[PDB]
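There is one chain below, alone, in structure tokens, taken in the form deposited in one PDB entry.
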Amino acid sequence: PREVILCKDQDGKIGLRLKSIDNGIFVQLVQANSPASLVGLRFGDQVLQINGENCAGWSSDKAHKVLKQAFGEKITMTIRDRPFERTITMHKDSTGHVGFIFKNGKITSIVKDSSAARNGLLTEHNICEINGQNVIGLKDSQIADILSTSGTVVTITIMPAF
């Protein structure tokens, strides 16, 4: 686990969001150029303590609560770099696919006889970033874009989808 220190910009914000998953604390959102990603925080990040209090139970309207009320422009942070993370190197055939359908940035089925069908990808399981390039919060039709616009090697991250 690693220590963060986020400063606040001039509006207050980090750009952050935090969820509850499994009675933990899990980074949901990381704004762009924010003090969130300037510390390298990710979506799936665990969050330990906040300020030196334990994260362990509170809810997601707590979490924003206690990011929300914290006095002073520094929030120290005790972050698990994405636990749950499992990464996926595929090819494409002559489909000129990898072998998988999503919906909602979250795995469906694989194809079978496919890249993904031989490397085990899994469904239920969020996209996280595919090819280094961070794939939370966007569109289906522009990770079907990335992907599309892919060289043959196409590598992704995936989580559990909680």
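Residue numbers count along the first chain shown, from 1. First, how it differs from the form deposited in another entry.
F100 lies in a different rigid part from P35 when the motion between these two forms is split into two rigid parts.
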The other form holds:
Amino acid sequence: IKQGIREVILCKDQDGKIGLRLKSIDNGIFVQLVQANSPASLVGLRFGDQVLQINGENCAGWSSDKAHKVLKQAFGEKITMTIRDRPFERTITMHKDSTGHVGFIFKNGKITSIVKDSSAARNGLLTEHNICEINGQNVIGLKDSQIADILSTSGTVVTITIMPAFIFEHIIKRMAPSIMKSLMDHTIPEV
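Can you switch from the form deposited in one PDB entry and show the form deposited in another entry instead?
We keep it simple here and write out only the one chain, dropping partners and molecules.
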């Protein structure tokens, strides 16, 4: 998670798209969806990022409908955005035990218990938190089995990005577990 504000500059694709769905939360604007291989993904916009400004205009108090309309009317050319990185999220770094376990159980991407004497317990992993990212890969809308698979095919050191479940569930209000599973960028970030 980066500590402060950053400017990103986007360019709409040939179809006028940038690959973003935004959501009004607590009088702020937040990234709900980032589409794979979009301008939003390529400039490194992430699920949960806060949008502070678009082309120097404050997003405070905007409806989701209004942020969508402002992105529509913008000269495709070059769109500036001021971003707070994933402000509702934290990253926890854990080590797999000899049997390849960090030490938790989850369901629908929500951590439901912590295993006694595990790296999850030593690192203070919390329950009632949704998994947003594993080693910086978005896993939102993946099957539980696929998240299990991704944890399996990490090395011993696993970084999970977590969000309190209440907040997670207010953000992914309005979007079925098929846009979630199918379109939400899940790609390993490109260099």
